[PDB]
Amino acid sequence: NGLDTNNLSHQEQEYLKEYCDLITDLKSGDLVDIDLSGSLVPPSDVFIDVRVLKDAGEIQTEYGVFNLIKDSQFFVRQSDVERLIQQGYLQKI
Amino acid sequence: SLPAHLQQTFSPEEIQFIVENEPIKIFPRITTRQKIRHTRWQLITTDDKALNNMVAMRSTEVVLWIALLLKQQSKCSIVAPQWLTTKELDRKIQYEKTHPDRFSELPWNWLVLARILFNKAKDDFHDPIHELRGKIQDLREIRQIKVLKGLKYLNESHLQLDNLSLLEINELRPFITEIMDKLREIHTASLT
Amino acid sequence: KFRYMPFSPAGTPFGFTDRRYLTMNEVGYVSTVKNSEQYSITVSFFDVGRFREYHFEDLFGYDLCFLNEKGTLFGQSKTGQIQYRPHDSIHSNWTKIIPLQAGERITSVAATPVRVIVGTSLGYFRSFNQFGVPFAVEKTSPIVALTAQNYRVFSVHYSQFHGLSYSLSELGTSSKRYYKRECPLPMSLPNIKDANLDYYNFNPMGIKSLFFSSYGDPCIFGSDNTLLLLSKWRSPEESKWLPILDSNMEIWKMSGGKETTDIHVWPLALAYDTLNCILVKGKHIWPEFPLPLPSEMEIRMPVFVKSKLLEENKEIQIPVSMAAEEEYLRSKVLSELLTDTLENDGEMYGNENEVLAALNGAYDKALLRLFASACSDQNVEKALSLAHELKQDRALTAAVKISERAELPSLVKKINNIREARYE
Amino acid sequence: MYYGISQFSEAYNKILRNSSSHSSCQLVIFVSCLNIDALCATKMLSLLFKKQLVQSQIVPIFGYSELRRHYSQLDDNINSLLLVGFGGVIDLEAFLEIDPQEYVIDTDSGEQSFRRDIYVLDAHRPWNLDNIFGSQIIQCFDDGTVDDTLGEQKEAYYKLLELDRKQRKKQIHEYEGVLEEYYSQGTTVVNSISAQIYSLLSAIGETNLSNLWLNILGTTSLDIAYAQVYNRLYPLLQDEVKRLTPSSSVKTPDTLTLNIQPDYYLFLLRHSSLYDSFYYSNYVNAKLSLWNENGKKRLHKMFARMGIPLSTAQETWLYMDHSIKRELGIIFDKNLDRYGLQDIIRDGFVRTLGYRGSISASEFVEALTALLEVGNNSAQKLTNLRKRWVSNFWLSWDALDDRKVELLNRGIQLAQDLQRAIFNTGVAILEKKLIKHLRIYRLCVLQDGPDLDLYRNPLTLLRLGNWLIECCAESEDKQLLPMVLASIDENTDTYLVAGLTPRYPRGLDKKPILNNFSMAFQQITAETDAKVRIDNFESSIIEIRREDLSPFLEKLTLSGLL
Amino acid sequence: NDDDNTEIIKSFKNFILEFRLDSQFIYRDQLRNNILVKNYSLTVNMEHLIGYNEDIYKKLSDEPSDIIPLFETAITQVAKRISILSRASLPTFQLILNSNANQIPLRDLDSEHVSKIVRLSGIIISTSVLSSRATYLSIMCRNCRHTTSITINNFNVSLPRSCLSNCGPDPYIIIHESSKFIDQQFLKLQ
Amino acid sequence: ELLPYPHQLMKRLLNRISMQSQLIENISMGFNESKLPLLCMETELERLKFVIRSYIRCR
Ligand SMILES: [Zn+2]
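Chains as they are written, first to last, in PDB author numbering: chain A, 105 to 107, 119 to 208; chain B, 2 to 38, 47 to 201; chain F, 473 to 664, 670 to 791, 814 to 923; chain E, 1 to 108, 111 to 166, 223 to 306, 309 to 436, 461 to 593, 598 to 650; chain 5, 20 to 107, 131 to 198, 205 to 213, 235 to 259; chain D, 75 to 105, 120 to 147.
With the rest of the complex left out, here is chain A:
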């Protein structure tokens, strides 16, 4: 969630919600250049090949506009699509 509601209690739901507000408050203000909910793997490969799993439309990135056509290959940086790998819409290496 930083980068299924039946099983939790209402007190656990509000615990999870307020913890989500805390962890989205942590990366604001100070510690803002990094992301605290980011990837814990080191970026030992600056560019990766990325394969699209599911069709997710046209998305934007920092300085360019990406497509999410299903079953397509990108040769892009790990940090540009690292969050999208975490969502699972992109999955390769």
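Treat the hints with caution; some may be incorrect.
Computed beta-carbon distance windows for the label pairs [said to hold, decoys possible]:
id, chain 1, residue 1, chain 2, residue 2, range
1, A, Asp140, B, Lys58, 38 to 46 Å
2, E, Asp106, F, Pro606, 41 to 49 Å
3, A, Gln175, E, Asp593, 54 to 62 Å
4, A, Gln175, B, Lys58, 36 to 44 Å
5, E, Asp106, A, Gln175, 23 to 31 Å
6, A, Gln175, B, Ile19, 47 to 55 Å
7, B, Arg100, F, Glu853, 53 to 61 Å
8, 5, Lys77, E, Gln464, 55 to 63 Å
9, E, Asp106, D, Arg86, 41 to 49 Å
10, 5, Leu151, E, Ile405, 31 to 39 Å
If you are wondering where the hints come from, they were derived from the structure by calculation, not from laboratory data.
We put the CB at the ideal spot given by N, CA and C, even for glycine.
Following the hints, complete the assembly by docking chains B, F, E, 5 and D with the ligand onto the known chain A.
Same frame as chain A, now just chains B, F, E, 5 and D with the ligand:
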């Protein structure tokens, strides 16, 4: 917040990062040198003077992630160290077979650097890769036999090794630390 | 009698293989492959960013090549077929057949920014420009080796009735000055089993390579595996050939004293205090097609005797006395070379003045280490001769302190008299 | 005409001048999926752009409508487009509604520049004259047929466009007759995309063993129906193999070698038994007629004559006794002349590395073709099915890597099973005589059979088609005729119709025959109200309804453009 | 003939020590992980041995009964190289083969396949009791009371007639205290 | 044990990473094409961000 498999130890890719952050001798295949008649490099975690003074077909010293990044470009070829030769590895094998109680005087990053240069520099070795990897595997196996022999001396007080590699520290860290922690817990409960 | 063979710098023979290197230098390497009565020539460059490597299908059978930073000159020895190919592919390639008599072969070729030089086995010396217009037909002693760097041309001549010699010239876009013309060359030709005879049937002169340094000083690598540099070539009354690497001795030195045969040095270039060269392992001197990384060999002045190094070592560890001696001699000759190149041609970068200052520092540090070994044997006169060659006034006080530690007050008085001469 | 071979390098430089930017992605490569040549071509292009760091988006496209959908949703930031394996026949301005007025930037001086470059890597030799000549935006990587053949059409088109009574009619109708003679011409291939991209790599200087092996695979994949192309491109591959080979040795785990050695014209020799390799080969069944029982008797008799026992012949090639397989060339030379199988002797390229076994180019391209084929309200079914073959194409792309040999072995097993199905359906066609003679073309309609759900795939129907053309080509009693091959899909309820060109027997050694089905398909689609699909990149692949099949074939046999 | 035997042992030693597929020595790691769980055995794929050297494949497949003990000796030598430090025990190992060959049926098993490696399939109907075969035998002479050793490999040997010191016609007995034994289970295949 | 915080070191590191962020964005506005120093900046920034992220996440 931290995952359970990264709680009390380093993952091997963090060890890869740590040994990617060292200097290494290298041969540039591009000329970035300003003549008497191009944005500068300008890095903040390493000395950029050796990278600003990058001369083709010379020996320079750059950090290893730059080395691998430029080897991917093939704009610059990584030079193996002195201990990555057949003769020096045979000398290390002879030292391992000579003194059974003591580990050889190998660098701390001898398994991780060897793996990095085997998977990234397949045409940068003066000696053949074949017997180099064979001697690497032989040294790894005899060091495994020596740490298996030394693990019989799991003491409650302390335990010492001389020249164990960082990757072998992550090999043996959770087992040794947990077993000695429980031995110390047993003896401290045994105290009056 | 004697047979001439076509020579290109650091070329390799065919051997039992079907391919060889036409030429190898600091710019790149040109190799040819036998391709069922034709050839395929691949030109690769060590500078990937400046030059892009290429290859082409050669139907004439070129056995000569010269590779510089602005073109590539191929030459067929038996028919006189030469070709010049610019790298940028803006200027067009040109192809020319020169007249060859019966028994005449092109022995060596060279290229210049404004000229193209072809040398034949009967002594002809044909100079074109870069576009194919002929400019000169000279007759000299038979040129068996050519290497040009920028506007400087260096050549080696040999004949039965003239002997071995060299010629150095600077032709330029202007100021046509010839430095030396057919002055004799101090090099030992090889003593004329099949591992050496496969090469000496191909290269009878024993020239492994012929090049210029990074600062423009000529260098030659003969059959005795020594690198000879020509020092003070701009002044013909002070020119001398300095051996700066007896590479068999350093090969024996890194091997721990073992008389080693299976490793050889194949020279490519000389940067300042460093020869870039592939250490070829095996029974063959020449490297093969999977070319390894060229190793670096620091130049050492040949003052190493094997007897003393074997005597003290009962890795060969040099004692500090003769290490100081070789550091002093190497620092002196390199200081002379850097001073001449900085005074005459100027600095091509910004690093030359500071490395000259550090080189004079290493000069004085080696002289003080010789001064210490002189003072340890109560040798006042040798200590005075050693500190008389001390260059800077900074390091003379160190000699005063060593004289104080050795208790030689007359040496203190004479060094202070030297200082008194040095204040004005 | 816009790019001859000597300036392919220049075109690549232009790509860098539009795409060598670290901040944004600006290069999108449209690849025709379901083609081995485009797959190898895009693999070499992806390796080249990975070595120089160009951002890329590789998009596999099946249909023409799929192309129009993908190009319509493209962002305006993209300035470089590469069309691999297609886009050389249709008019891309008339198809992608391209008007140069809204794409032009900085026209000022006779200079014109655009904000998007669309490059075409197409092997289909009918070239659209507007596309190759009158188009600045659409840039073609021509092999060189424009400088030798297409000059009269160049001048006819140029004086057609330049000049917008008896003199005007006399020259304009003559030039339009020349242009309409060049049009309505059949489709043929004389060069591969992999050869052109390897020529570009030779011009740049990024050639190595991997790109050479991919070029070898791309050239070898055209050996089924375009053997003149492979016979033309073979000496260049031989020169490149002998150029980039090392000096020499002992088998060691790291030395990849790629030899020119006898690689016989067999289906999966080194990964199956010798009996199954002769039994499932198209050429062996083409000559000895293995579909009936007499051909199997003759195959067993020649196994008796060759001295190979059937216990040894049915054993796996890797476990085969090498007293059979070492002197198999001598046995082939001595015994195959009496049975007519002299053309089995063929030198090919065999690559091995380490101790994991040797692979030929032919076995590798049949493995890749099998991984394209069976690698893994009706409009939703067609969309899901197109997504399935795009996933199959990316699985076959995954099989091209060196570290994924398990995908290659899965492709080998899939090729064996698919060839078993192709053999069963081929003898099903041949036994009951569904091949009908229609005096201008030969008709074969599959109404029902074993595992008919494999034939909704295009390349599986082309495999069955090449099986039938090889089997009927050696029978000289019936002459050369084009073939219509229709297969029914019950759930979609459509007849997928393939047009197959005949060919001469392989032993003979001229002018290649053309593909005259696209002209008739287009003219019948224009004249009649048949609801048909023309969207396939191979224009001989159409989809008709079941109820409109017989009128389509009657209008086909009435038309004289076959 | 012992030169060829030790050449075979050294060659299969080099096959174990030098085999590497996808940057991995599979057989050295297999032997180490088999020693670490005290499972003194090595499973060898036939495809891997063919891809290493087909000459070794014919040496294995021609007369297997005379060369499989040599391969056992090579495996034990590799194991003593790997898991035993020198100048500072392990019994004999077992070579277990994996083959992907076509399955020879029981009715086609005949006199042609005698002393050849065959792969077959069937149904087990009876497994017998484990019997104790012997490998190391401490053989004692009854008269001169000297003890020799006989090493037994379970392929294709008996008590010899000379005591190797008249001493006696058949002067040997077996000492069962210093003898090493392995298991042998009889099966019936349908 | 939770180690003491190096306040001055981390304040200097955030100031340095901020100055490098404005430097790389200014050079991106400034965008011969030698993109390898920019790539060195880019992987420099993300590897420093990884080290800072992992240290703060562990503590
Ligand atoms: Zn006895």
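These are the hints, each one checked on the structure:
Taken as a hint, the range 38 to 46 Å holds for the pair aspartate 140 (chain A) and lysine 58 (chain B), whose Cβ atoms sit roughly 42 Å apart. Between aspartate 106 (chain E) and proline 606 (chain F), the C-beta spacing of about 47 Å keeps the proposed range 41 to 49 Å intact. A hinted range of 54 to 62 Å holds for the C-beta pair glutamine 175 (chain A) and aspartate 593 (chain E), which are about 59 Å apart. Here the CB-CB span from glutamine 175 (chain A) to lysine 58 (chain B) is close to 39 Å, well matched to the stated 36 to 44 Å.
Evaluation of the 23 to 31 Å hint for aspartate 106 (chain E) and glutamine 175 (chain A) yields a pass: the beta carbon distance comes to about 26 Å. At roughly 35 Å, the beta-carbon separation of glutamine 175 (chain A) and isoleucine 19 (chain B) lies outside the given 47 to 55 Å, and the hint is violated. Evaluation of the 53 to 61 Å hint for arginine 100 (chain B) and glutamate 853 (chain F) yields a failure: the beta carbon distance comes to about 38 Å. Roughly 59 Å separates the CB atoms of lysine 77 (chain 5) and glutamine 464 (chain E), a value that falls within the hinted 55 to 63 Å.
At about 47 Å, the CB distance of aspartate 106 (chain E) to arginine 86 (chain D) agrees with the hint of 41 to 49 Å. Restraint check, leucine 151 (chain 5) to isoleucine 405 (chain E): a C-beta distance of roughly 37 Å satisfies the suggested window 31 to 39 Å.
The structure shown violates the earlier hints numbered 6, 7.
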